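A quick write-up on the structure given underneath.
Left out: one protein chain. Kept in place: all the others.
Labels A, B and C are assigned to the chains in the order they are written; within every chain, residues are numbered from 1.
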């Protein structure tokens, strides 16, 4: 695959990981309270 | 073990995910170039 | 509430594993260049 298609895949993985970080941060806040 | 210590671990995992999300965004930029 | 929390973490864990597989596949392809 061209580098552009690679970049496209990585940006979708990046936003999924960011979403999952927010999910864990929210759970962590719950548990720490 | 304390529940706060679990919450702390989840905070750390979330940190790795925020960091990885940024790293992938950066790499995607690099490849877009 | 710990049972629902456990279930959420398992959901996220599966998602991270799947994303790891995806990145490894992408890494293989870029390394073959």
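We take it that contacts are C-beta pairs under 8 Å (C-beta built on N, C-alpha and C of every residue); 3 or more make two chains touch, one makes a residue touch a chain.
In the full complex, subunit C contacts the hidden chain through residues 2-3, 5-7, 9-10, 12-14, 16-17, 19-21, 23-24, 26-28, 30-31, 33. Mapped onto subunit B, contacts with the missing chain fall at residues 1, 3, 6, 9-10, 13, 16-17, 20, 23-24, 27, 30-31.
Just so we're on the same page, only the chains that are shown with their structure count from here on.
Each chain gets a centre from the mean of its Cα atoms; for subunit A and subunit B, those two points are 8 Å apart. Remark: subunit B and subunit C have CA centroids separated by 13 Å (rounded to whole angstrom). In subunit B, the residues that reach two or more other chains under the touch definition are 10, 17.
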